[PDB]
Amino acid sequence: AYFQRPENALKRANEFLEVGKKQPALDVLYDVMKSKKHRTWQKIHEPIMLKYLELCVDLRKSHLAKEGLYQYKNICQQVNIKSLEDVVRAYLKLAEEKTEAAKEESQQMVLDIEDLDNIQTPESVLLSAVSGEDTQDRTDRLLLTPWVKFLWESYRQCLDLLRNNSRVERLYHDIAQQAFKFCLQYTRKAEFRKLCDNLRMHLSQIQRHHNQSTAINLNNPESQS
Amino acid sequence: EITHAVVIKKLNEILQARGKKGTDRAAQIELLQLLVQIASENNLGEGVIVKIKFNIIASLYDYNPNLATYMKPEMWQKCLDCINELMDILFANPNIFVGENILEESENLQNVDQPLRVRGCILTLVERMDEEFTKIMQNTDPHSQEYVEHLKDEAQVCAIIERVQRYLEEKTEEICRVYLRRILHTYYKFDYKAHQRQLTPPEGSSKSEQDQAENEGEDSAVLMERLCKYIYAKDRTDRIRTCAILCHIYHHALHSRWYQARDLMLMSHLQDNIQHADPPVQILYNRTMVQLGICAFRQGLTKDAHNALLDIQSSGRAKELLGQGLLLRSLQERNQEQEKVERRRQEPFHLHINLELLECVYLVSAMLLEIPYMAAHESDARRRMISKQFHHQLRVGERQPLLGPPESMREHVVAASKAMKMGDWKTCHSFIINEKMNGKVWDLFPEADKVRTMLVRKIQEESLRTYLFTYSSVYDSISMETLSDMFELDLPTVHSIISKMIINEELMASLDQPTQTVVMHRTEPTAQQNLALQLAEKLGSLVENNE
Amino acid sequence: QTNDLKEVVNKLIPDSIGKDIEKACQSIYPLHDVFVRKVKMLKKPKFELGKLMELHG
RNA sequence: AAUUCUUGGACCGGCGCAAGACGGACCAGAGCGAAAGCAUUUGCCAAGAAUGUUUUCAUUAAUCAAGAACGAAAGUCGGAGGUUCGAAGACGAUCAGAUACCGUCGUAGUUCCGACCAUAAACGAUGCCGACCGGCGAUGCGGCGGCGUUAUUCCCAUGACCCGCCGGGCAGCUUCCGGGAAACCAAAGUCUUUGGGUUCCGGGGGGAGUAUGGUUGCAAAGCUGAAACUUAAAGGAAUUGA
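Residue numbers (the deposited numbering), protein chains in the order written: chain 1, 3 to 227; chain 2, 323 to 493, 496 to 871; chain C, 177 to 233.
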């Protein structure tokens, strides 16, 4: 085994973090979510998943937050779905603030460092100016783009795997709306993929009509609203 | 410490654990570093470090067991220093120091086959270093600043292929190898490097001997290229005159005239020879052939560019200039291709080349062929914008264009409703960020070219289109409308008649062109002869087959 | 070697040393049940009280 | 049970210190070594089999009277050491008796250094070298080819597994190869269809590994080694009983 009394995962996770090893602190929490302890949502499963998704953000591992939530949605099925709502809202909330900080960081300290640095065109900046553009995009790619390419991959995975149809989620449409407003702050070529995502998921709904899913008819919420 | 007898026999047992499986790899340079720092005597430390100094920097390329990988910033740095300590001691002691007798020791390496190619073992370090650097550029995120942080080492690499260039004690005839390695770091260099040391007006700005030694390196191509032409056409091998002249052609472009360059392309006959050549040169050809028409475009020739840049952009494999593209077919061979991918900074830009095959055609098609398009179809050139004009017109919705091709169309569609104003104002909208003005390395002048070929190619329009009820017309006011020079309008308005055989009369002492065209409901019965010919032009072809 | 006794105990409370060794030796031969079996105390510095009362909050 | 140890605090628990031994479990029909034998970590010194090789010398080889190196344990002499264990001893029990097995102490010894000793069920109770003669699945070292899994994330390339092949090595299971008195043996086979080369050595059981000489040793004792006399059996494997 790994654990008896699943709350101990938090204590090992917390102990590893005081040393500053968030990779094995995450390994601990990952091992508990996928084990015998599948008892339909213990009160301690929320603080485990809150810490789990905080460390998934701090290390930038979207494919782990996928598996983590994919296990969680299973162990918090119709028992209580408020837990999914609270967890996944708090996940996307945490990722949004990391990108807010990442821009303001790069855009006030490093952006002023960029046009603090001597612009007086040397050979290395002149040579690249037959293909390339400004220094701010050239170094904002180093310190911002890995965070917005994580926000995108966080949103798309939260939509695609987790909430395919599943009637019991108005959160699905909340995320879709929020991620459309995310495209007004950052890149646009991750918005055509977002449209195609809504198109195929709508196509996936009214082709099968084959699970405890969305009946898109007179139903005001899951058709009009 | 003794009579070079305990440094030629401790330099003959630490370059003996070289390559071996228990190499150490790292602390072997340290024992080659602790036979120079504990070498503090003449001919035992201050004479024959040269033979050690060959195998102190040769010990730094072997630190990496692979030849597909690059030296780390730490390793790359110390081997740009240790190549220069070589040159501190081989400059201010003019002689050979892996042989060629002076006294007795520690020189005189005759017993070793040839004390000449162990002496020519400096050109093959600065050639190995020239190629080693290219891997530093191939393995960096090119849209990151870490690319610029590494291109700051390009002032330090160009220096040593110059410091070990002036060095003429070769052992012309046999130096040409370092000449090609030098010109390879000059051939893609731009106007403002090659121009703005000639272009600072030669007076009391640049007319002192060594103030005019920054004036060495604008045409270094004149001197060193002919030396890699008529010694190498006398000598054995092939590679360093095929490569040498294309660097010359490419450098007689983008900051020099067409006529000077195009001659060299046809002298060497690489139009119908570069077929049995190796790929590493077979791309340098493609790179050159593309820059030809790009610089023809720069000066004014807007149909000479077109008919040259067809066979390149025609392909879906338009990445015969750059980092290669898409799907599978032998992966092991596609790893023999990632070691061919040419360096990012050198690359001819692609959103700049697609904007010369929808900006040259637009002036050789939407102008040349809006004459016979009113019911006279048997001159339609079947390779033009209609590649894409059937696409960005077969869309149910358009507005202010965003892409390149619609932003290279929404001024074309008004270049049919001529509007000199409306069409000039949408090749200079938001392209000076998206590579039109900036990228074509001539800051403002390619627009002064474009504007002129917009101003002029829009007076050649009402002539060919809007002439129906136009009988008496004005050719002074036409100069006031569109603002071209009266002679540069008196020429093409004259050309309009003879060159395009238009039905309009002239007495140009008065500067006038009476039309008397009447063809409008007469070309309709001739639009019956578009097909009444294609009845009786067919009876000409019927009995060709019959008998 | 590089940090003080308050932080080495903070490492021994998990088994960060054993997990680090285990992951490091994956290339030579994969180990599994890796721990720091025992810690002994050979020498202490001459007793201080201010240094003790930092460890006791 | 008693001999013995202890209110001059034994045994028990705690913290220190010193000494001299020994290297648990991992440890296997695994490895190395001519055999005896050999196990905590690291460093230094010299050696070695096997594999790999389109390198070299070109019969230099196999087995061996004489002669020579190593040879568990106990034993001997001199030096250092003596924690544990412990021949003789001293007692306490057991018993008809007990000079024994059981117990409490305990000297030589057990350990190291330098000199002798040269024997063991020193065993595979099985000389060494070479050839041929069945099958099968593992195992240790080296090489070779091969789906895929995994660690270096950056995977080339290295290790860990996975599936075969080749050469040496410790063994294993199987069989009308064949042999043998049988037990059993891929050798203990290729033997009346008897010869590949070569060293040592046995001739019914006792007396007897005894006496005597000679030789090596400080001694204990080692190596070589009979005769008179005595006797019809002693013995090896296997079967049925008790």
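Keep in mind that the hints were calculated from the coordinates and are not lab data.
It cannot be assumed that every hint is accurate.
[Claimed, not checked] List of simulated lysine-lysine pairs, BS3-like, C-alpha gap at most 27 Å: (1) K199 (chain C) <-> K13 (chain 1); (2) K75 (chain 1) <-> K105 (chain 1); (3) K63 (chain 1) <-> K105 (chain 1); (4) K394 (chain 2) <-> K627 (chain 2); (5) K23 (chain 1) <-> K214 (chain C); (6) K63 (chain 1) <-> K216 (chain C); (7) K187 (chain C) <-> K24 (chain 1); (8) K23 (chain 1) <-> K222 (chain C); (9) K95 (chain 1) <-> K53 (chain 1); (10) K214 (chain C) <-> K68 (chain 1); (11) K216 (chain C) <-> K53 (chain 1); (12) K84 (chain 1) <-> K105 (chain 1); (13) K24 (chain 1) <-> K220 (chain C); (14) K151 (chain 1) <-> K75 (chain 1); (15) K68 (chain 1) <-> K216 (chain C); (16) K195 (chain C) <-> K53 (chain 1); (17) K214 (chain C) <-> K53 (chain 1).
[To be verified] Rough simulated footprint, nothing fancy, chain 2 against chain 1, three-plus residues with beta-carbon under 8 Å: (18) 82-90; (19) 189-201.
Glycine residues also receive a C-beta, built at the ideal position from the N, C-alpha and C atoms.
Structure-based check of all given hints:
For the suggested pair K199 (chain C) and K13 (chain 1), the alpha carbons sit about 22 Å apart, so the restraint of at most 27 Å is met. Taken as a hint, the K75 (chain 1) and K105 (chain 1) pair is broken in the structure, with Cα atoms around 32 Å apart against an allowance of 27 Å. This hinted pair checks out: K63 (chain 1) and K105 (chain 1) have alpha carbons roughly 20 Å apart, not beyond 27 Å. Of the pairs offered as hints, the one joining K394 (chain 2) and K627 (chain 2) is violated, with about 48 Å between alpha carbons and a cut-off of 27 Å exceeded.
Among the hinted pairs, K23 (chain 1) with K214 (chain C) is consistent with the structure: their alpha-carbon atoms are about 22 Å apart, no more than 27 Å. Distance restraint check for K63 (chain 1) and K216 (chain C): the Cα-Cα separation of roughly 39 Å exceeds the 27 Å cut-off, and the hinted pair is therefore not satisfied. Between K187 (chain C) and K24 (chain 1), the direct Cα distance comes to roughly 13 Å. Compliance with the 27 Å bound is thereby established for this hinted pair. This hinted pair does not check out: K23 (chain 1) and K222 (chain C) have alpha carbons roughly 33 Å apart, beyond 27 Å.
Restraint check: the Cα-Cα separation between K95 (chain 1) and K53 (chain 1) comes to about 14 Å, which is no more than 27 Å; the hinted pair holds. Straight-line distance between C-alpha atoms of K214 (chain C) and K68 (chain 1) comes to about 39 Å, which puts the hinted pair past the 27 Å bound. For a cut-off of 27 Å, the pair hint linking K216 (chain C) to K53 (chain 1) is broken: about 35 Å separates their Cα positions. In summary, the hint linking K84 (chain 1) to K105 (chain 1) is not supported, as the alpha carbons are separated by about 32 Å, beyond the 27 Å threshold.
Taken as a hint, the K24 (chain 1) and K220 (chain C) pair is broken in the structure, with Cα atoms around 32 Å apart against an allowance of 27 Å. With a CA separation close to 24 Å, the supplied pair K151 (chain 1) and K75 (chain 1) stays within the 27 Å bound. Between the alpha carbons of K68 (chain 1) and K216 (chain C) the distance comes to roughly 44 Å, so the proposed pair goes past 27 Å and is violated. A C-alpha spacing of about 21 Å is found between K195 (chain C) and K53 (chain 1), which places the hinted pair at or below 27 Å, so the restraint holds.
A distance of roughly 32 Å separates the Cα atoms of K214 (chain C) and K53 (chain 1); the hinted pair therefore is violated under the 27 Å criterion. Counting residues of the segment 82-90 of chain 1 whose beta carbon lies closer than 8 Å to any beta carbon of chain 2 gives 0, which falls short of the minimum of three for the stated coverage. Counting residues of the segment 189-201 of chain 1 whose CB falls under 8 Å from any CB of chain 2 gives 0; the rule of at least 3 is not met.
Checked against the numbered hints given earlier, this structure breaks hints 2, 4, 6, 8, 10, 11, 12, 13, 15, 17, 18 and 19; the rest are met.
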